[PDB]
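Have a look below at one chain only, the form deposited in one PDB entry, in structure tokens format.
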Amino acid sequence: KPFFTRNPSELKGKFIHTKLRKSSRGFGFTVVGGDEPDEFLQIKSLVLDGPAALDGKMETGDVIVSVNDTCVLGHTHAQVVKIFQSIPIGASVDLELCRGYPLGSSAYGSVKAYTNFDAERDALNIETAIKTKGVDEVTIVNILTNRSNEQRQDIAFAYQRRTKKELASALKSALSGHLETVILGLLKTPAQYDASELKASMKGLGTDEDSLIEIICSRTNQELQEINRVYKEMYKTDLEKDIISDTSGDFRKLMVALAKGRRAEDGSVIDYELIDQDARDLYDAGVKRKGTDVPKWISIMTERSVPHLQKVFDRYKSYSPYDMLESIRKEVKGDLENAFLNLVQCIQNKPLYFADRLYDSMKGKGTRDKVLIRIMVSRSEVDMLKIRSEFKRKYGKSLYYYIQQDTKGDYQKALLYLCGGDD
């Protein structure tokens, strides 16, 4: 139940006022909202080379508070769009916008966008900490870990305007150890951070197969489509090329198929007949006959939608004495097995999958900091609340507790801020 009100005095964000005159192609932005009884009308997007964007005051996620001295808090979608359309070309409109209530936010992340956001303020305070004799990592950790990734991008731009030096380079020189790894990962976008880890897993002639399997098997179509574009712009090489160069056999086929991000979107109606047939094919290709038909497994597990495959794996238990996970361990082995096991976990329960990976990175001597840092950074704005839920439900204690006992220093503080308290 998102926040909503029709009295402007009860809003928490900041207020901005713009005055836009309509051009030939409108005001140059998209309005979203006004569906459910209490939906705020929010700025969906901007149109660059347009009246609203060239003004610069309007940004996405903004909430419309007043249109030409008439409050629209609570007005339906069709009412506020007829206002903008009744305006003639050349006439000016006065928009009051509130910045603080976000859009496109996952309700299951642990780190939320700062309500009283100020990019120039945080850029100044971080500069101070960098040049502080001793580096106030405390300040740097308190700021960046309590900002959203898009807010952190605005910190880097504001820091570059006032210092002419990129924040990633300045923080790479003043920090050290695992704390440097976490901060540099938080500064990158989700696509930039995943693309960098993928290249790192394929550096050298060897391959970190675990990091490659984790990212490829757990990312959706939209995330993979953005990673492929960013990876090609960063390293001048398509991700599929470096995957072929560092993988082979059926393992290569599976990773190439998954990395395409062309999995079928979830259909409106449930295909119960295809659910039964896909289960029969998975059983006839593996446990029933001797050997294994790996291509048939790759086709079904990569092309079908996630909700469909969930019902497929449940129907698979009707044909096979072993479930999908136990079938994988018996039929295939090696890198192909680890990739299939990771894929099925992400389909059945992805938050549970990241919980086990977190527990595996800390249960033994030392800490697999590479796996622990990547998960706490990439899933912080996605499903961290669900991972914490599945974690304490299974392991009794909280994820905050395990990070506490396996990490120390500011590196511990940074990861605890990304967790969001003990469950």
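Numbering follows the first chain given and starts at 1. Residues that one form lacks are left out of the comparison. Under this definition, the rigid core comprises the largest set of C-alpha atoms superposing within 1.5 Å between the forms. First, how it differs from the form deposited in another entry.
- Each C-alpha goes to whichever rigid part superposes it better, and by this rule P351 and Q225 end up in one and the same part for the motion between these two forms.
- A two-part rigid motion is described between these two forms, in which the smaller part turns by 66 degrees against the larger.
- For residues common to both forms, superposing the rigid core between these two forms reveals a single consecutive run of 3 or more with all Cα shifts of 2 angstroms or more, at 3-106.
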Given for the second form:
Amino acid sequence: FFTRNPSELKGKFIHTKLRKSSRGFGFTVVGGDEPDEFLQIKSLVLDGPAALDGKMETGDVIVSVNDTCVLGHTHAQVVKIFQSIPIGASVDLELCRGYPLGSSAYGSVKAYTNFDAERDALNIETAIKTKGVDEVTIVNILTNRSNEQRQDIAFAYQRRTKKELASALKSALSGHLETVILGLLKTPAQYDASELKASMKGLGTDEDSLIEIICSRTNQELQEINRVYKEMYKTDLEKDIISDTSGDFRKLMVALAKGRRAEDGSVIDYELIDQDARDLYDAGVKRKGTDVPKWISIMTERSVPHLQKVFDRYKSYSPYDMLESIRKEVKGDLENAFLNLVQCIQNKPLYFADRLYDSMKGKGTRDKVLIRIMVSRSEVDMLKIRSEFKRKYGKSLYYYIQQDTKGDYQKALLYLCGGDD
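For comparison with the form deposited in one PDB entry, would you give the structure of this protein in the form deposited in another entry?
The following holds one chain only.
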């Protein structure tokens, strides 16, 4: 939720006066790198003038600076206002508290307020070394902390025990719960990198997990995955994909994994929307056979908002929509990969909603899929996923998880879900 009107903000307003000392005002701001996004306080230098006043907290939307509304201004515009303020001069700040964090706007796992890593690290050490292992404590803490906070915990635990938190939990847990907790301990790039490497272990590759991660990850995410993957496994992600795929499926996976999709522009390119739609039709349903490289080219290179509009314009040319046309034109891992891709382009939270429903709908559970989605989307769009799930399937994601899983495993997943609908 965004609004550049102070008359449409719901939270509480806070007036504050700060003098810029030698180390700046003493706080870090975040947000504003988008068209419509707030500007919230990230961190406060506890020895700076910002933390001295005590009336500014993390998560406060900056409504105005020096009698000028900065709601809707970019990140570089309000940063130049505070830097032009010389040393010793005053700045006036109207803030607004009651909004989340922008980044984790639609996540289910939010940052824990009174965070104390040293207390968490001890409580987890006490849980580990309790006779019979206190799994409930380990689950209650780690699933109610942000991934950033779990990194501080693993650091504190290592300083205290001289042992890695991941190693200690590996030797204390087992089964599905172990997989959940160890996944939650990795950074998003680390977790995705490890999931990708696991999907390519052995001769037979898990094409379903490779497709899920490569198709759903963004340019920024894929950039970091590629960096961390070579860090961990001493090889480029691209080469491992080349080695474990072939044909057009390899072409599609290598192109997506580059994370070089065009970024969403400021102008809608209607002539190109229509030409790309026409090109997708001529290359498949219109003709005998399929021009797969043309599909791969358009669907990996255009920005997501662009491709959403070409798929609707594609309906003007083809009697089948893009999903139907994929099934009609192509088969196998290529078909699966295309289907997953344009699902992620049209509606990604719905795409995960269906993946979660598919993992639970039948006999047993596809735990590897369920766990990976609950872990990797808990701080991204879990709230949107839960909305699409409830709207389509009539009951909540929480309800299905509760039926399909049991034990501390279930409790961990339910925490990552974040509540009923």
